[PDB]
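J.: Chain residues, written in single-letter form:
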Amino acid sequence: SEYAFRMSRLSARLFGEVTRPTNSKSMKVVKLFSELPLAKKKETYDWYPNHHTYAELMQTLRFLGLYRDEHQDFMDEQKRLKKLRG
Amino acid sequence: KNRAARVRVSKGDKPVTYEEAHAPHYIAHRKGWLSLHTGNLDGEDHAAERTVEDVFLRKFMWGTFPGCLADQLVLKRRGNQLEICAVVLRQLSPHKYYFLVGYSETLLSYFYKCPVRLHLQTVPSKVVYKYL
Amino acid sequence: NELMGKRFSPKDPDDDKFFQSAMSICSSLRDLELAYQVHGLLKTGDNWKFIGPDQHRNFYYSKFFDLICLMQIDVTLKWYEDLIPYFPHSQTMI
Amino acid sequence: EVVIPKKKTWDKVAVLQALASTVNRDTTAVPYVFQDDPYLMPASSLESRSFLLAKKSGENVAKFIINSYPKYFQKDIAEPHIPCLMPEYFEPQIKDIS
Amino acid sequence: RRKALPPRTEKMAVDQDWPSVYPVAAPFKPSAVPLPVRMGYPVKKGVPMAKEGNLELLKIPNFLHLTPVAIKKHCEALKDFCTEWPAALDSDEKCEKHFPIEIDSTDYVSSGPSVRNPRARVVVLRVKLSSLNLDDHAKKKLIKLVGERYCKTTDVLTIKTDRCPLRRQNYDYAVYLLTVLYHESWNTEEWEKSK
Amino acid sequence: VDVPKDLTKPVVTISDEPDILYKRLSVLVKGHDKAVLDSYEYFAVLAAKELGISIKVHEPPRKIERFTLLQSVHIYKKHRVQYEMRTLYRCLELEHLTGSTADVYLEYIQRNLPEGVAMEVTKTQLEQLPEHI
Amino acid sequence: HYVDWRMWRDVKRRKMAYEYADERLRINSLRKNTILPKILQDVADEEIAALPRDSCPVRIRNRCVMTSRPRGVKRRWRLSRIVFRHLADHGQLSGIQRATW
Amino acid sequence: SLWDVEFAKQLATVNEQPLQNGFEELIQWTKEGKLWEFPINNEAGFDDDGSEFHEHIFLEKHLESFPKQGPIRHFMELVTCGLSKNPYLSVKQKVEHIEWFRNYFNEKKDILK
Ligand SMILES: [Mg+2]
Ligand SMILES: [Mg+2]
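Chains as they are written, first to last, in the deposited numbering: chain A, 5 to 90; chain B, 36 to 167; chain C, 398 to 468, 470 to 483, 486 to 494; chain D, 56 to 153; chain E, 49 to 243; chain F, 52 to 184; chain G, 28 to 128; chain H, 276 to 388.
No lab work stands behind these hints, which were simulated from the structure alone.
The calculated EDC-like cross-link candidates involving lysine to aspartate or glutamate, where the alpha carbons are at most 20 Å apart (straight line), are:
#, chain 1, residue 1, chain 2, residue 2
1, H, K309, D, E114
2, E, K208, F, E171
3, F, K60, E, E124
4, H, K367, G, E46
5, H, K367, H, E327
6, D, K62, F, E178
7, F, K100, F, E146
Just chain A, same shape as in the assembly:
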């Protein structure tokens, strides 16, 4: 009814949403600019802290000579053996 339609118009004017009617393809814009995109959400932008920083820090600290990296010692020892054996 026109009464209920204008009731909805008034409620929309009061609570912020649009009074004029709108289709689903038009409410697409509203809800899209309401909810942020997955590309911008930090759930996607930050999937994990950077192995860059982690490994660079641990490499520099090994060069300092404090963190005895067993894996790296293993690796470089086998590489020394390979370069000795040709």
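Could you slot chains B, C, D, E, F, G and H with the ligands onto chain A? The hints should help.
T.: What follows is chains B, C, D, E, F, G and H with the ligands alone, placed relative to chain A:
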């Protein structure tokens, strides 16, 4: 026959500790969780961040106190403040112990921008639960 | 004594020598009421920051326990058994 | 008609000072800075001196690492931004006399 | 080479200030703790692990601190600071009469460095129109406007605000919304008169 | 023997404004251990009763969430491995509680948390009517 | 020092999608809206078509952080099922019990 | 002022002493502010530069350069609705959206159909 966080039964000359001796299906029944946080509970978030960061904590501390520890660690995170507890041997000198304690605490605080503390319990020889 | 009765406010950066040379005067004068009052001095309020350096703290505790010993001594020895905390030097044990 | 208790204002440190004055100092206990286990427990004045000054030297060392490699500690993971936790930068910029 | 001194068990007396030796939360420190409490699955013809290397007591949460004596002491200490509730307010009806507009927010607290979480922004509020409208026309108007924000069984109207990130912003928007709603329900229109 | 003479009390000021009136402080503790939850709630209720406020204790049910993982790596669909995250709730309500009492109590409890627990506060405060209405 | 070159490409795609997130949202609204001119819709269509590659949020994948495994990764934990089982067995994480119900 | 600051830091260094209490180190942590502000409002800081609810929601003052019937009006009204519905973004990002749409249809003003 499942192979998951368990040591093979040997002739009986392999000292084994409680946590690594007991099975992973006895964790909640006869063990405690090494870490304690609320990211696993409902309503919280950043649980993946919690896991990755605490794994990095354990790795870095295990490798910056190498040869002194003889068991897993205990993490205790109350709101902002973080606490670590370790069991070590009297291998090296208290000078080195305190120096590395302060060094690691300072570095971790600077990295995680978070208040951190760590405690260590000395033992002459690592406690053994059984000989397997 | 009136200084201790009133609350203190720090204004001069040279308050570290205060503690040590005060206890030196305490060891020179050798009075039990003087020792009581000089203990109440740092025991009144947030003034225990004036101890600071370990050398001055060492001199203070040494002369304090020395006068307390050279004052029964049951109260003194139980005071010590309660408030050793670091291990003191030989002098005090002598 | 109606009575209401009046509002009060406290400092971040006032409650902690209250809780601290509530409890006296621990008796027969080494300083809180020093560890609790007996092996690390410093049992003499000179060795305790060496121990805590080594702690301070380690603090200085950490300062050196952070001010030599800020880019590692550059990320602002903690929500409240704190310059004391931020890396310090004693780096002269490009030539500009003013 | 170096030796460790014996624990504080024999040193600590039976009369002792436990709230003082454990002011804040801290680990178990069995060397300082005199109690022989053990915890662990005992072996056949065996017993649980001694407190020396019992890291499971550390794994579990810690409550040695804050003894009943400590709790009492701190409660009597903070009794000086806590205030008194108005004695005139001793019932729900009287409280709702003195202050009809109820409003409540909420937020979690969790372990970690960060502290914000969007649920801090939400805030709900409630008010019953049985005593506030004082009329019938605007009553019918506003009850026609609101679709499900009301409750006729318990006689309460409830509205939620989260459109702003700040709690204070949500509060201000909610109050201004109620104000404008009352101001727009006061009047009427021709299509509302013709029904 | 060492008992301090003058206790240093923090400064306090009763500002001009009136304190806010919280109708109900309803706190909800989520945990993993019934025993830890019981200890924490006993702590809380004892502190509240010694501070002189009303109390009430309820126990919502246990919530569990499970999800299935492949027990092996490459090819095994019959054999799976499961897990379960158990969260346990505890409610504590406080009625007729002044704003400053709420401040002190929440500071106390928020400093007295254990680690493996989450804490949700719901604060309900009544107020008078606006002026524009 | 990422795990591998596929993780490298995935992170590049994620960064590009983030830094073109808002713009893609705006032009996607301008496209999928209907009451506006269809000529403008087509304009925005070729705009999106000319946008660079690795810019859409659809090319990325919810891969693992440790083992870089794309499949069997939980969105909550972001860890592969295998690494999750590993940590659950070693008791590294908190609050996870075996569903022996 | 400068030498006053030098004297103040000298006084601070003289005051500095080792703490012997968990409460004391907590006082220190609170002094530098790393310890959270209890009660946890989750809004200690990040006030959005004193922004306002009406500045967030009511975009009518931002919407002035187009009539109230056209399709650009329709689209920008829906945009303002979505922006007001979204609490995550602030007035800055909302006006950024609006001005970018302004530039869009004003550089595509060749149509106005
Ligand atoms: Mg099987
Ligand atoms: Mg996909």
